[PDB]
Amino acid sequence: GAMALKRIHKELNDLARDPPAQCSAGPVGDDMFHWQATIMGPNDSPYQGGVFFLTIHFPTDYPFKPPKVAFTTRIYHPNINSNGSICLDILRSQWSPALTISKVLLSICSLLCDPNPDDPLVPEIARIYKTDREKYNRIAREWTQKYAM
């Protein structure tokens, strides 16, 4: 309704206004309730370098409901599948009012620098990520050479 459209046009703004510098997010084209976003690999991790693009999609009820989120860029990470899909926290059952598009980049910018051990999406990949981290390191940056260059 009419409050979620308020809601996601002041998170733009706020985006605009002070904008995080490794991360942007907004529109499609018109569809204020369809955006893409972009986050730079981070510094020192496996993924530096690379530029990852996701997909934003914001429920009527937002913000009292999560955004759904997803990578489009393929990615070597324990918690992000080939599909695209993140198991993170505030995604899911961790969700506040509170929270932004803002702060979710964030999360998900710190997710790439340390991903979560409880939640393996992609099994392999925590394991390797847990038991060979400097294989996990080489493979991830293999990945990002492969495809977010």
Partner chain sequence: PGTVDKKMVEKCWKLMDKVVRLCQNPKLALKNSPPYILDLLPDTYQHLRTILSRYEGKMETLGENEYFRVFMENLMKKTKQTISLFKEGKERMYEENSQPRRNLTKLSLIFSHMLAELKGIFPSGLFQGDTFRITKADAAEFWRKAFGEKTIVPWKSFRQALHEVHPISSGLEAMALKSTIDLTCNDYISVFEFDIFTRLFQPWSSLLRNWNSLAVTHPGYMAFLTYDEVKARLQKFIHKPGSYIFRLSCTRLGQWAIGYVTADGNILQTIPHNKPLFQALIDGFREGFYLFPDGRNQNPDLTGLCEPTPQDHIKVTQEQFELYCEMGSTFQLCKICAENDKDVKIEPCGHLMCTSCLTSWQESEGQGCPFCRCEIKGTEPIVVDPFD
Given for the second form:
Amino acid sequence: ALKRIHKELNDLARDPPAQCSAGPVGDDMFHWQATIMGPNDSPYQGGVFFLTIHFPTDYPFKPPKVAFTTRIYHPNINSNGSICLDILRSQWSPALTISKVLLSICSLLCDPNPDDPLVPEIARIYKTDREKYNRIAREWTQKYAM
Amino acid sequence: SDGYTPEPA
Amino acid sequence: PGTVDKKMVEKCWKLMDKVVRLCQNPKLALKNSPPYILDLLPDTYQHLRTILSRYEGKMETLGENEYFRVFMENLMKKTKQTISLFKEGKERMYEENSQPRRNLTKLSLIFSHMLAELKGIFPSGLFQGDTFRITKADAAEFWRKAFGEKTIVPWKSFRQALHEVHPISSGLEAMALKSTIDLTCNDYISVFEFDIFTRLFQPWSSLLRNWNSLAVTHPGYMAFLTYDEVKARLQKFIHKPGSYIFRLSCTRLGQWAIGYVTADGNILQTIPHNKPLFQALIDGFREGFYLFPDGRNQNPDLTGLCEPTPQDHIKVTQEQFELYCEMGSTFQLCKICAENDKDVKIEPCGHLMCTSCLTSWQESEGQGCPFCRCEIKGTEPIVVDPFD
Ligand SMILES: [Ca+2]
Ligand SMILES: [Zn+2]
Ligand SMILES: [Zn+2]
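Give me the form solved in complex with its partner chain now, not the form solved without its partner chain.
All chains and molecules follow, beginning with the one already shown.
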């Protein structure tokens, strides 16, 4: 757990992801805060989003719990900030790094997976009127992410 | 639940 | 043997179908457990069908593949063999102890073995045979030196090649070996079958001596036996705790299945995983569980092959070193937990790690190499000697 978490945090400051950063809050190495600047291929462009990361003591044989602290309008992310992302559940493997998780969360912003929605309402909009979606989305970045 | 159990200890 | 057109792949289907309709017979009442005909045949059909889709318009080059030619011939011979088993067996098919019935179970095993082989060579329906990855590396090096990228070789060609490295001392011993290793019973040895056997009989260095000690001279070894058969056979011993036998597992080929009787009189069946058969037999005897093979009072001493030539150490290279330093740590260290030196090699993939992490990953219901996520067919313990 620890010596591994410590290493991820080092390797993290060596080669920083683009539009992402993370680190422990306080003295607790099992709790980090992360930031993702919404990418330019997304309606979240120019927004800035906060996440929490909780490392189970199972780590890294079980994935971390990642969630959005900032409000975001997305089909795969709910009011709770919970993220439906495969590598966070079934597709986890212990060789994965937080850097990889964050990177993918960014992917999921540019290109959501509505075939597997967290928020059924929003999933139907992204599919039906994509302008309607981009609009609410850019608006929620306006309010919450900027 | 395939019929196989863990090794005797 | 003969070229495979789609009229033939048609003929096999019609034939497999008949074998199924036979086995659906209410009077037969086949037990649902592996190997199980009413799964295997449909699933083989499904898989074939899958290969065909993949080869559309390429039917020319699929027909010419030697493994596939050999498979479709053996598959036909075997179904035909089954269909005339019933024909001649008549009603003796419904006496569960009948010899016809035991042949039908032998056949179930084989159909299973054939499907596993088929999935191995054409995992997604695409022919991987030339790229197939032999689990054990000494085994791999043997096959590659002798047979190149060949997926399948005639038995006599295999016998001659192998004999050059591990001497087979006789005809009788040669026949016993063929019968052990030729799981599909086609007189050929596939790179797949080579894998199963070398995994079963490792280490490679003592592979014939291993096979002699574990099968040829061993009262507990049961060829072509079924989980249900293993249960029945140990029934006569339910009053003698420590009685045990062992066989190829059919749902994980290349792994061993040990049946045994327990202090309280239950028959249980276990799979040593990643652990070589003898160590298990040695520990099991020492620890009281595996005592009287097939009931016999005498239990063989396997300490003979307990002294294998040690695998070497990998020795990090100047190239590697300077890389892992610019990364901040040592190549030698397990990049999963970060607290241990790598003690184990995942096979066939080759990836290195510490056993604690391997064990915790597997116990976590995780599957396959935590790095490349290829399936873990084998483990070899090792030691790394750092550059410093
Ligand atoms: Ca064969
Ligand atoms: Zn480790
Ligand atoms: Zn691997």
